[PDB]
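There is one chain below, alone, in structure tokens, taken in the form deposited in one PDB entry.
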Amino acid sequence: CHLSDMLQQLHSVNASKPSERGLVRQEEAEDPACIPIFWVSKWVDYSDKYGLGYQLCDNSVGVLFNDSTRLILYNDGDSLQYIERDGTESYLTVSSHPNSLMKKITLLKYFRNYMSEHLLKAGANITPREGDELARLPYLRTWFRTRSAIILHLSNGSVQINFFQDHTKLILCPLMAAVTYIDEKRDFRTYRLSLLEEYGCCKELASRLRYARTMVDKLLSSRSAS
């Protein structure tokens, strides 16, 4: 799918060695038109038992259960989307659901309740955009963690990388061919990758883009499915 494009885009920028030029003009590479629509604002790793719960920046919630199924609660607080292993989607609500989804919906509720009361919203300083709140939300396609980061791949092709130690974050989009970098002060800049090639960037962002490439490679080498 789009991961192949993302890998192209990252290799291209990394190959240009953006931090090794005479004058870095990183600001020239910012493009506000590329600001992402969605990113993960909160997450809870309960995967030893149930799965990975997350909140998107639009206050919608989702769970990727250990059996590779998914529940998405829209930000209206009732509308539900269930995704089976093969990707089959069905629509329903918390108030009206098959009894068969009782347990999973209860789990969703607990995740929702927890991320409603606890934790800071990543990207809180970026504008809530007026849009169709029921327009199809992306869901968490897959995820994994390393010692250094959690890697989140969304069904809209975006890859998010949150670094544990310094709390910096990347939001990569292969459609916009852009990266959003959230730094240690929670400053939020969105860059077109091709312009990072043109103008370069600081060594800190350059290092993270190198890591990002490695992570996308992992996603590609383990995409599996049936």
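Numbering follows the first chain given and starts at 1. Rigid core (definition): largest C-alpha set, two forms, superposition within 1.5 Å. First, how it differs from the form deposited in another entry.
When two forms of a protein are overlaid on their rigid core, residues whose CA moves 2 Å or more are considered shifted, and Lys103 is not one of them between the two forms.
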Second form
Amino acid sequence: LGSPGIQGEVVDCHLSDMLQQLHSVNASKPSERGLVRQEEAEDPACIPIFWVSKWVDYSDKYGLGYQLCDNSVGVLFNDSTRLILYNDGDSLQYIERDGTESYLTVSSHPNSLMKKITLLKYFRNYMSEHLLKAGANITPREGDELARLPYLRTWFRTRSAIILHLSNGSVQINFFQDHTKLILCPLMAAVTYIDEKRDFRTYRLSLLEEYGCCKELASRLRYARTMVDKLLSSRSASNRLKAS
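For the form deposited in another entry instead of the form deposited in one PDB entry, what are the coordinates?
Chain alone follows, minus partners and molecules.
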């Protein structure tokens, strides 16, 4: 009965579509409208259930450890495998480089995963002791736990941001300096903006094009388009030696 989950190729289709829609929003110059009505673009029914609320870049040794906003934890290891620990303290899911998923438990698991389990526990403990939870102000909706828990598909960092791409399609961009964050959902064609005051607001992209938005959000969306391009192909299709 279990769903196989949205497959990565299907995620890539929606990503390309979001790339195109970001281009369209951005080319519409949304901060230049006669009267910007950003509030009218809000779409509360499309609020994301999941985002990365904490992260640790130990990629020099092991990988990128993270917490999701339901307090589950995961790691994308340097061998492109993922281990996630659900918020019950014991349930695990292991995802191989090719996406093959297996379910296990901390109490009952193949011995082959002992090392990666122990590393995940170290990441968890670190995050819990040291790091602030992003979106700690959002109270979950009833049944949000029924949505498929995603894993971190890919990530990268620039000088100004970290880019986190989840297996449900979402692309999260966290800006280092000012703590502002974007959560782009290519399935809902929506974007959530977390501003410097920690206000969390979810917009329909097509409505940002219709109604406009402030220049800070407009600026972050220009950068987002560039990040999506990089995600889709780290190297340019017009010159594969050149970084997207």
